[PDB]
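With one protein chain held back, the other chains of the complex are shown just where they sit.
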């Protein structure tokens, strides 16, 4: 199976810039490389084929190169409407195969989490549970770290987390840590602290 | 073979006027001569036959006389849907031969024209290439000398020119001089000048 | 212009079969050969099966041959993939996709349809449980308060939170989902400033595909 490798999966890329995106073959493909572009929803679009053919209407700031095993896609003036993640594949040897994809994202000037902690509704707790949410909103960069203490320790066991994806309007993401607890050790306790680090500071944010 | 000769191709006549049209053959073709009409859109028809036979429905303006080596299409009250190219051919011998044709214009009121000059596009130059378009819209005479100056000088080679055929609703003609440059020779000069000399003015459209 | 439409999706208990079908509209079907590509989660975009332009080569991948089947149908213009012995490892988004016809033994996929998703599992359809994310009154940062609905326990996808149109600030942020135990859970928060709320009731509207509506705030 040639393994196909796209090294570097995330690229804050700004706007008006060339992105080079690179791809490399286990075996030598015969410059049979092609680039598909997938966006937010479904969308795979094809983009360029035979290491270099732009398909019809792909608008010409997109360009690719590659020869031997090693290849890369280049965008000339990154535009806000090219922000999608990108895959490179081999149309040379069964199974034809795929770069795993580079998501690409928008840089922006930093910022910090507007935290909120939230305790069990009544509903929940009735049912047996206790889930506490802590939601650190609008920020950049993606990376915001988050912790949970019960009554003076870290809770490791139990948390769960997900981020928003990046926001349209202003590129800032959001994220929710949640300790799911039963109502019995919710009753074992008194303070719950969600506490967070984040490129924009130095105090934890709690 | 016989050689039909139509000298006259473009010939511009006002609406209203007699149009006599002239065909000439190399041998005494013998009144075996015929007249066909070519529309702005494919469309061929027989107009007149056996040197003088009207085809049916053919309208009376239409009249031809000719003999031995010389014959002619006379339209007598030029109507508008009567503008078109007209050929003839002897239908005398093998191989049958046609006269090349007469484009027949709406001679009109002169008009000075309107120059537009668009810089090479975003995309083209990202293509690597540059075509600078200079558009001269609507005029009358067809004749229009153009000229381009890159920082003031002539550009001589680098220019394609073309015209449309009289606008259908106003008899006016327009021009597209493209100058094509290399993203590279492009970026070297600033001024791009497109500059028109035109019968309706005594100074140069720039 | 050129359309591939999928239609076979479902949530299948391991073991069975299925037939994905595909619909070509847009061009002379018969002149191209088709392919199937699957996007399995976290793992990649895998290419699964190929049928030649009209019929010459039906052409399989090591990971489905023997279960998968590529049926064409030119006159009627639909491409099929019949599956059998379905494993969990097949749960995925399946893309019908066109061939290329561009150059040199190259296999590319000039056109792709919507995706047509397929979960292979066992687990069984649970409704989502909406819960309020309420703070008390005011409470965020300023004079704007963030709220939330936790929707917890469903299986399969999509479950939806719809919140309120009426932006004069109204940002809903829905954290995307994660599996825990076999069920999914997720949250959508939105922020109303100060006046509004507790002054007039906000609400979450929760729908899950397998037909339930929950409603709250």
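The first chain written gets the first letter, and so on, giving A, B and C; residue counts start at 1 in each chain.
By definition in this document, a residue touches a chain if its C-beta (ideal position, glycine included) is under 8 Å from a C-beta of that chain, and two chains touch if they have at least 3 such contacts.
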For this session: With touch as defined up top, name the shown chains that contact the chain not shown.
Result: A, B
Seminar exercise, completed: Touch assignment to the omitted chain, from B:63, B:69, B:121 or B:193, lands on B:121
Problem set entry | Of B:7, B:15, B:20 or B:160, the residue in touch with the unshown chain | B:160
For this session: Tell me where the left-out chain touches subunit A, residue by residue.
Result: 56-57, 59-60
Seminar exercise, completed: Where subunit B meets the left-out chain, the residues are 1, 32, 34, 36, 42-46, 49-50, 53, 87, 89-92, 94-98, 100-101, 114, 116, 118-119, 121-124, 127, 131, 133, 135, 137-138, 160-164, 167, 174-176, 178
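What we mean here is this: only the chains that are shown with their structure count from here on.
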For this session: For the sequence-identical pair subunit A and subunit B, determine the rotation angle of the Cα superposition and round it to the nearest 5 degrees.
Result: 70
Seminar exercise, completed: Per the C-alpha centroid definition, the whole-Å distance linking subunit A and subunit C comes out as 18
Seminar exercise, completed: Here the gap between subunit B and subunit C, centre to centre from mean Cα coordinates and rounded to Å, is 59
